[PDB]
Amino acid sequence: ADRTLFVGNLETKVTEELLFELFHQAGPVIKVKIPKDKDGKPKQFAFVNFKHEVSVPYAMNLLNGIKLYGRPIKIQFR
Amino acid sequence: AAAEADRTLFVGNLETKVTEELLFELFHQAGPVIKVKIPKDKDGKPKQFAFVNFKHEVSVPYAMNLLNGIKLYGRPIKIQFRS
Amino acid sequence: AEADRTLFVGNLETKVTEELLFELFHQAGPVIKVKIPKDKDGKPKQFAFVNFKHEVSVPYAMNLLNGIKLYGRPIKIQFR
Amino acid sequence: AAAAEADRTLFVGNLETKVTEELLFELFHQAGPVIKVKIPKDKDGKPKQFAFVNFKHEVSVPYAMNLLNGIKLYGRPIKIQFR
Amino acid sequence: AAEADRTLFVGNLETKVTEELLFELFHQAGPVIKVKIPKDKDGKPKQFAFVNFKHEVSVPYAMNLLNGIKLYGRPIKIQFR
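As you go down the protein sequences, you meet chains B, A, E, C and D in turn.
So the first sequence is numbered by the deposited numbering: it starts at 8 and just counts up by one.
So the second sequence is numbered by the deposited numbering: it starts at 4 and just counts up by one.
So the third sequence is numbered by the deposited numbering: it starts at 6 and just counts up by one.
So the fourth sequence is numbered by the deposited numbering: it starts at 3 and just counts up by one.
So the fifth sequence is numbered by the deposited numbering: it starts at 5 and just counts up by one.
Simulated from the structure, these hints should not be mistaken for lab results.
There may be inaccurate statements among the hints.
The calculated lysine-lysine pairs, modelled on DSS-like cross-linking and capped at a C-alpha distance of 25 Å, are [what the hints assert, rightly or not]:
#1 B:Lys74 / A:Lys58
#2 A:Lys74 / E:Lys81
#3 E:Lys74 / D:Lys74
#4 E:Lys81 / D:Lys81
#5 C:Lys81 / D:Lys74
Take these sequences, add in the hints, and give me the full structure.
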């Protein structure tokens, strides 16, 4: 839980599979999770858990603000 | 089968000289393209927009980031996923 | 005459030669010829015509090279 | 010496608390071999919000300065300054 | 045969820029004959340089590629003669 990023401002069509492939460019990714509504539907953010800590500052610089389906993601850390 | 739609982009603000062949080669850089269509007038003219159908849906968010706003004969295209 | 594989390149610095433009635009595909017309007194003018072998080079070249600075002066590409 | 070490050392300020000497070594290594990196701690402590990066080759100094100045580490851009 | 068409003026130099640094930097535009940072009448380096390329094409290439680049925080100002 020290190598995890918060990716907000996600467009409705962004899936976990898309973010994994995107953040994998910053290093091996253990898993991605878009939390689902209390009644099943995705929320508009994901948690991206890297294997290595260095992927965190690398991923932020590399991908912060990148547009997915027109909407720029917002990366935060802790 | 009709999604097909999940893999289609609306490309607007097309210069009249842009051909279906050009868009194909252009959007092929984002992945395999199944078909491209520039709808036709009742006088055969272009309506200044097209539909690009990719094979994989990952190409969709990729083509957008990579081509949206690119100028074709001076006119910047406008890519929309559903339009 | 169906040679619309040709671009106009205005706003040329005095030191831009046909050789330079050929080499510069060759990055967008084979070039048949480049021309800088000379004026009434044998002096080159401030624009050029670049004729491509393939039409696809035109939209490519426009997007790739337009507004690039040669000797500090940005070229102004036009189709017709 | 220790002035030939002063002309091969850069001051890197506006650091995020999370930035470690290791991260900086790897980052500035992209501008050439790095002898040593030091984030000073004071009195307690503590530690400080800047770093000293000592290159082996003086050429790395203007290179790194022009290559890495202003890039964001954990959202905070680093401030490189030569002597 | 005094070719100034293959030489660039590089002004607004930081005092720590050397002829060796400008050589290696401008070499990225093609072979470089010589680089000169002139001296004043008292033998003190000036804050501009002359870069002589072997090929004229390096001129428009170099100044499009390197003009305004910061050396020790100071952007160089390239001018073609």
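How the hints compare with the structure:
no.: 1; hint: B:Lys74 / A:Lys58; verdict: holds (21 Å)
no.: 2; hint: A:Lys74 / E:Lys81; verdict: holds (15 Å)
no.: 3; hint: E:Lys74 / D:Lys74; verdict: holds (19 Å)
no.: 4; hint: E:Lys81 / D:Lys81; verdict: holds (23 Å)
no.: 5; hint: C:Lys81 / D:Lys74; verdict: holds (15 Å)
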